[PDB]
Amino acid sequence: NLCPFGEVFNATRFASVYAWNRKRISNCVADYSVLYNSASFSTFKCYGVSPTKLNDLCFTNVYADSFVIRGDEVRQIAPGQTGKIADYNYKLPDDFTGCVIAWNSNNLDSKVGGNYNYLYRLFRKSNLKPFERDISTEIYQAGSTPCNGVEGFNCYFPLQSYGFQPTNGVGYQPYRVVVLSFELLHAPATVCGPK
Amino acid sequence: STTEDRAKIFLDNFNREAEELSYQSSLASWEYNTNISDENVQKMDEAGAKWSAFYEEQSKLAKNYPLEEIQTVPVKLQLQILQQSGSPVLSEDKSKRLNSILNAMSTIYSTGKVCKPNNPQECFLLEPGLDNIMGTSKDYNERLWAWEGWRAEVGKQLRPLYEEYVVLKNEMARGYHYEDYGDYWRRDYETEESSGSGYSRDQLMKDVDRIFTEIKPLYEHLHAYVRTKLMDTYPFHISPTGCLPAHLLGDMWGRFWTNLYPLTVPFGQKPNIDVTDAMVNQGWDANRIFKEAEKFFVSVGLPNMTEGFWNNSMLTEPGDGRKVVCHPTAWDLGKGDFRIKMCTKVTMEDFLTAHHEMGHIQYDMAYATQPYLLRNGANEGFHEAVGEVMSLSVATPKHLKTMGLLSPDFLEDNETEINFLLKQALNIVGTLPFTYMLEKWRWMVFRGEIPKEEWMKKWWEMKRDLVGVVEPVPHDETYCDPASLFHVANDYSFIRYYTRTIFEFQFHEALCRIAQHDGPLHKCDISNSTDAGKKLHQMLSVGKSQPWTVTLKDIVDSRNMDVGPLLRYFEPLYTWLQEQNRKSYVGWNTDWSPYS
Ligand SMILES: *[C@@H]1O[C@H](CO)[C@@H](O)[C@H](O)[C@H]1NC(C)=O
Ligand SMILES: [Zn+2]
Numbered sequence: 334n335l336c337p338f339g340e341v342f343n344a345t346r347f348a349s350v351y352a353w354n355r356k357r358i359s360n361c362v363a364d365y366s367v368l369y370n371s372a373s374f375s376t377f378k379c380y381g382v383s384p385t386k387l388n389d390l391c392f393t394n395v396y397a398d399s400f401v402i403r404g405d406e407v408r409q410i411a412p413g414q415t416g417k418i419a420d421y422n423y424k425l426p427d428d429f430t431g432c433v434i435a436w437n438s439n440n441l442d443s444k445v446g447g448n449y450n451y452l453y454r455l456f457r458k459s460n461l462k463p464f465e466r467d468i469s470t471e472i473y474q475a476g477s478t479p480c481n482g483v484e485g486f487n488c489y490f491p492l493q494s495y496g497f498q499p500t501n502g503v504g505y506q507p508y509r510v511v512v513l514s515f516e517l518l519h520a521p522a523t524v525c526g527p528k
Numbered sequence: 002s003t004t005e006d007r008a009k010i011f012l013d014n015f016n017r018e019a020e021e022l023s024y025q026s027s028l029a030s031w032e033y034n035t036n037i038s039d040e041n042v043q044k045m046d047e048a049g050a051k052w053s054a055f056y057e058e059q060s061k062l063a064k065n066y067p068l069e070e071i072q073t074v075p076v077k078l079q080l081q082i083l084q085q086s087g088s089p090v091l092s093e094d095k096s097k098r099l100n101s102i103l104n105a106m107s108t109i110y111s112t113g114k115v116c117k118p119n120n121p122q123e124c125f126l127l128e129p130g131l132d133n134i135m136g137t138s139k140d141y142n143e144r145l146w147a148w149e150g151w152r153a154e155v156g157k158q159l160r161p162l163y164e165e166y167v168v169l170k171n172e173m174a175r176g177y178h179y180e181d182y183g184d185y186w187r188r189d190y191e192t193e194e195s196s197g198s199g200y201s202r203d204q205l206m207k208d209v210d211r212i213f214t215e216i217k218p219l220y221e222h223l224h225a226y227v228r229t230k231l232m233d234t235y236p237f238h239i240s241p242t243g244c245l246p247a248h249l250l251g252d253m254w255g256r257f258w259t260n261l262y263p264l265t266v267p268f269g270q271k272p273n274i275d276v277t278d279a280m281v282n283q284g285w286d287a288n289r290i291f292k293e294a295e296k297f298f299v300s301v302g303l304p305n306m307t308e309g310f311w312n313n314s315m316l317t318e319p320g321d322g323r324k325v326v327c328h329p330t331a332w333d334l335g336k337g338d339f340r341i342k343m344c345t346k347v348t349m350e351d352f353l354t355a356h357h358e359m360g361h362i363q364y365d366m367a368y369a370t371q372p373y374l375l376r377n378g379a380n381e382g383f384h385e386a387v388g389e390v391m392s393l394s395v396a397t398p399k400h401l402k403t404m405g406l407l408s409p410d411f412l413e414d415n416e417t418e419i420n421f422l423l424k425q426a427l428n429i430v431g432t433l434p435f436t437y438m439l440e441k442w443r444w445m446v447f448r449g450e451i452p453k454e455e456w457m458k459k460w461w462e463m464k465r466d467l468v469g470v471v472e473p474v475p476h477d478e479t480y481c482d483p484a485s486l487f488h489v490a491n492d493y494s495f496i497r498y499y500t501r502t503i504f505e506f507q508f509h510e511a512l513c514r515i516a517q518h519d520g521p522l523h524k525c526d527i528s529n530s531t532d533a534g535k536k537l538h539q540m541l542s543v544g545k546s547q548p549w550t551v552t553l554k555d556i557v558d559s560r561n562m563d564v565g566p567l568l569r570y571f572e573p574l575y576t577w578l579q580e581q582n583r584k585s586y587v588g589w590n591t592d593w594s595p596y597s
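Those protein sequence lines, which keep their order, are chains H and G.
Under the entry's author numbering, think of the first position of the first sequence as 334, with each following residue one higher.
Under the entry's author numbering, think of the first position of the second sequence as 2, with each following residue one higher.
Please note that a few of the clues may not be correct.
[Said to hold, decoys possible] Okay, derived cross-link-like pairs now, SDA-like style, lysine to any residue, Cα gap no bigger than 25 Å in a straight line: (1) H:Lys444 with G:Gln59; (2) G:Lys324 with G:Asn34; (3) G:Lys77 with H:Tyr473; (4) H:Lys444 with G:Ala19; (5) H:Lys444 with G:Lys51; (6) H:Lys458 with G:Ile10; (7) G:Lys296 with G:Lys324; (8) H:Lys458 with G:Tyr575; (9) G:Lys230 with G:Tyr575; (10) G:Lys51 with H:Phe486.
These are calculated hints, taken from the structure and not from any lab test.
Given only the sequences and the hints, what does the whole structure look like? Please build it.
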C-alpha cells in the first residue's frame, strides 16, 4: 500500500489555475522525505506543519491540488495572500495546514509563438471562498449597459489566456504547483508515514 | 459601483492585452534588427500596426472615464497617459497630411546628399560621409561647403513642410487641452498632481532659464579657451572678440565640441588613458566586457543579469551571413525579456557603452514591478542619466587600475585631470547652450512668439546671444537650419539632453557622498558600495508611479533641478580655465560675422 505520489508530481498534463485538479491520496504509506529532498522543486514551503517532521504524522486524507501559474504568482498561493490568483482562481485558507510545492516548467509548457492553452480568470463579481473552484464562463458586466450574453462594450470575458513563450523572464515563465492538503477528522486515518 | 472601480477593470484588461501585443512587436522588431530581411520588415510593420491600433482604440475608451472622479494615484496616471498620448483629434485629411509631412521629413534627412563642386556625381551622405568631414577636417572652405550644402539641400526642402508641421502639431496639442505643441511636450515634467507644489509645465521653462544663467560663466570661459586655440588652426577667419563660426565646432550643427579636442587639448605631451591596446593584449572578449560590467552593478548590490539576457541577446556582431543593425540599444521587450543589441568591439568606447546600456537594463529590471504604462523613467532625463552615472565611475583611473587594464604606475597629475575634464566639458557643457537654444526656438515658434518671416533671423540672433555661434554665410528665410538636425526633423524633443545632464551629476554627487568618497567628484568610483545601490534601486523601481519631484528627493534630497553638482564637478577646470583666460577676451560680440 504505497502512496501514488509519483502520478501527481510526474504528470505529463497539468491543469489551468481556474480548473485546478484535486486528487485524493488515501489508504497508503507516504514518504515525504524523498519529495522534499528533491532539488527539482524551487518552492517547498509548508504552512502549519513542519516539513522535516512530515513523515512522523498521521492524517485521515491527503488532497493534492495541481495547476499552472506564472512565476510572480507562486507567492499568491500562500495563505493570507491576495491577488487575482488568490481572489478569483485559487484561495488557500488563513488556517492552512499543508505544503505548497512548485517548480519551473518552461522547458515543457512554453512554445515559440505562445502556449495560450493555459488560462486564468481576470475578473469576478466576488472573491472566492477557501478551496473553491469556479468554472463559469458567463460574461462580466462592468458598466450599466447589459451584456446579454455577448462580449462587447464594458463587457469582458472572465477567462483570459496566459501567454507562455520560451524567451520570457523567470517571473513570466510557467510554473507547475502541487498543493498537499492534510485533513484530520474523527475517522480512521488512512495516510501515515512509514513507521 | 464608482467609475474608479470601473476604470480599474479597464486598465486590468489593457495591461494584460497590451503586454502580449507589445511583446509581439518587440520580438518582431528584434528579428529585423538582428536579421535584416524584407520578410521580417513585413512582420515588424504588421505587429506594430496591431499594437498601435489597439493603443489608439483603448485611448478613446479611456476618455469615457473622467479623470476627476479617479482617486487612486496609479490609475489616474495610466488613464491620463493613455488619453493624451494617442487619439489625434485632428481631421481625417489633416491626420494623413501630418503623416505625409512627418514621413517626408525623415526621407529628406536620411536620403538627402550634398554633391561636391567640380564633381556633380561625387555626392556624400551624412553617415558616414558628411559626419567624418565635419568631425575630422581642418579646412575652412571644405567644412563651409558641407555646412551650407547640408543647410541648403536638406533644409530648404524642409522649410515649407515645417511651417505646415507647426500648425498641424499645434492643432493636435490644442485638442488635449494644452496651449501649444511645446506645452504638450513639456508635460513629462509636470508633477501635476500634488497637494500644492505641483510642478508646472511652465516652471520647466523657468528652471531651465535659471540653469543657463548659472552655467554661463563656465561656458563663456570654455568659449574663450576654444576661441584662442581655434585661432591657431584657422588663422584669418576667427575674431578675438567675435562669436565662434558654426562649421568649425566638430560636428555639423555644433552639438558637441568633443571632436575639437585635438585642436583644444590643454596638455598634448601627457599620455591618454586609452586602455584598448591593453584589453587586446590581455585577451579580453565580448563576454569579459559585459561580465565585468555585471560585476560592477553586482558590487553596488544591484541584481544579476537574467540568464535570458546572456543567451537571447546580440552582444557581438554575429556574422553568419545575417545582416544586423549595429547600434547600441537596451531592449525592454515587455515580459521580463531584457536584451542588449550591440555589435561590440574590444575598445574602451564599447567597454564604457556596455555599462551605459546595462544601466538601462538595471533600470528596466527594477521598474518591471509597476504597471506597463508606468514602466518608464520619471521624466525624459532620468533614464539616460542613470546609464551615464554608472559610466562615470568605470572611467575613473582607479577602476581601470583595479580591473588590471591600466598600469599601477600611471601618472595622476593635475595636468591629466585638466585634459580629461576639458574633453568632458567639450561634450557635457558645450551642448547645454545648443540644447537650450534649439528648444527655446521651437517652443517660441510653437507659442507664436516668432513669425515665419523672422524664423531664421531669431534662430541666428539666439545662436549669437545664447550659444556664441555665428552664421558663416548669410541665410535667408528659405532655410530651416533648426530642422537640419535629426531630432527636429523626426518630431523629437531636445530638452531631455538638458535635463539629463543636470540630473546625472545630481545622482553622481549623492551616490559619491553615500559611498564616502574622499576627493574630487571626477575621480569617484561607487563600486563596492552597497548603500549607494540601495538609494539607486529605490529610484529605479518607482518609475512613473511617483512624481519625479518626490522620486528625486529620495536620492539627492532636493525637489528641484540643481546645477551645483555639475558646476562642482567641473570646478577644477573652472579655476584652470580662469587663469588661462587671462590675457584673453572672454565673451562675444553679437554683431561680428565671417561674411560681415
Ligand atoms: C519523477 O520521475 C523521475 C524519473 O524521471 C524519478 O526519478 C522521480 O523519483 C519521480 N518523482 C516523483 C515525485 O514521482
Ligand atoms: Zn542610453
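Hints, one by one, checked against the model:
{"no.": "1", "hint": "H:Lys444 with G:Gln59", "result": "29 Å, violated"}
{"no.": "2", "hint": "G:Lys324 with G:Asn34", "result": "8 Å, holds"}
{"no.": "3", "hint": "G:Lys77 with H:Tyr473", "result": "23 Å, holds"}
{"no.": "4", "hint": "H:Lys444 with G:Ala19", "result": "20 Å, holds"}
{"no.": "5", "hint": "H:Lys444 with G:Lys51", "result": "21 Å, holds"}
{"no.": "6", "hint": "H:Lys458 with G:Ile10", "result": "11 Å, holds"}
{"no.": "7", "hint": "G:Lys296 with G:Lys324", "result": "31 Å, violated"}
{"no.": "8", "hint": "H:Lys458 with G:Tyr575", "result": "66 Å, violated"}
{"no.": "9", "hint": "G:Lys230 with G:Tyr575", "result": "17 Å, holds"}
{"no.": "10", "hint": "G:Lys51 with H:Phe486", "result": "19 Å, holds"}
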